[PDB]
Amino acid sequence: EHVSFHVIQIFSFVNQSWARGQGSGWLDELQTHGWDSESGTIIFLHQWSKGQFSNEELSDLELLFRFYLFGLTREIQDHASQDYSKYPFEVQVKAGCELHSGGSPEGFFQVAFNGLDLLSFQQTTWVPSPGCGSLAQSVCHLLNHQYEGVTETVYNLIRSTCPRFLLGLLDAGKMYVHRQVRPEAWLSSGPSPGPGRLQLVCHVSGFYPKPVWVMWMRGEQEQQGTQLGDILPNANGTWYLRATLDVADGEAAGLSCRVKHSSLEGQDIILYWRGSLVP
């Protein structure tokens, strides 16, 4: 039931004079916004990506992000000019909010440096990560002391502005986020487990939402050796899943793949393994 909205940023600093930034907005795993880094503007990926916010609100946010990117990818280089050979390095930022089932908002703002936790924002203060050392302490010192209401602005953004935006997005995107899309399925062979053995694969693709049930069956007996892949993304907001089973040659006959999904409304997909059984 917990739903979340995150703005992510990836900064790659190659040397003292050269860096590249990338940024995007995500509603759970659904990308809803991009950033045009040259014009410095928000890209609204869906008709409903404005949420319920006004154009004045969204343009003020754009300007906030611009001022911020300025300050960040200036001060970072100014300081990393001294400690070169650290180059190339990469900074990741994940800022957002999570709404719990009772409605309680929870904000976060985590930073990573070269893929390790650098710091995070816990209450009203920037706390360095235990692992990383004096670097995290330096960054936290500059944020907690030199920088004015960027701490206060982050606070209001991730605790009040972000929940409001998330809910407005869910509402504005009502017909999209509540949609049901039916999968299709098909069988294939996978890589040979061994001589005298077969790998049966049942592909299920195009379903939404993500909960799905897929099993190899012998009539009504679920086959215990079934392995479920990870649920993988398709373009345009559906999902893909592989279910596989290794079987001895001569024991594949009679096996079927069975797929259940909310979109199917009790009409499961059943596919029987044929292989080279049919001349």
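Only the largest set of C-alpha atoms that superpose within 1.5 Å between the two forms is called the rigid core. Positions refer to the first chain, counted from 1. Compared with the form deposited in another entry:
Given the form deposited in one PDB entry above, produce the structure of the same protein in the form deposited in another entry.
Here we give the lone chain, stripped of any partners or molecules.
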């Protein structure tokens, strides 16, 4: 399918001098990079995080990011010290690209101000977001005309360098991105939904890739009352899921929990509710 690579930046401007910045790089949902803010360097979280880019290339991308951080902070604190009332505030930047089915790339550069969409880089121009009015239009006017050279750099980063690096990363980490990790399932009893009523819980943890199918079933008829939880993260790149169901005490025998996952190579996981039926 489609695969993306993103660089996220989170800036918190507290007062006219202090301003913290965080940044990280993500291949889909896997963090591949961090940013050490003291040294201002890229932290390569995997052996293959270099992604077929030379040390001279990555060293210059570091220099670029350091200067971008310097200038961006400089200009925002310049405009913001004009009204100390705004402090504190937050700016979030999600940049990067996405390869579509067929190899067509599409680049993103989106900016949010205080958790609300501020502006975007659509096609080749800065488009302000509907919602933020004055600030979105002012930042767009400054970007579309004054801070030029920044626009051309954004275009070439998200449209040229980002897809090359993404494919370099995908090739460098082929054995980790294409990995398949089998889940472990187990049954348990949650809190009673009512007197006489019984709560069955099915846990499926430690599986990668993320897509998974979990259901409570009576043979082949899957129960429709089962409540699927959220697919939550584990450390070391696995996922967790919880499927619950409340049933009449007496109708619980015969029910089972079925788990389908790509790693199970066909033979699915089936766990029958036993309760206190086995001596």
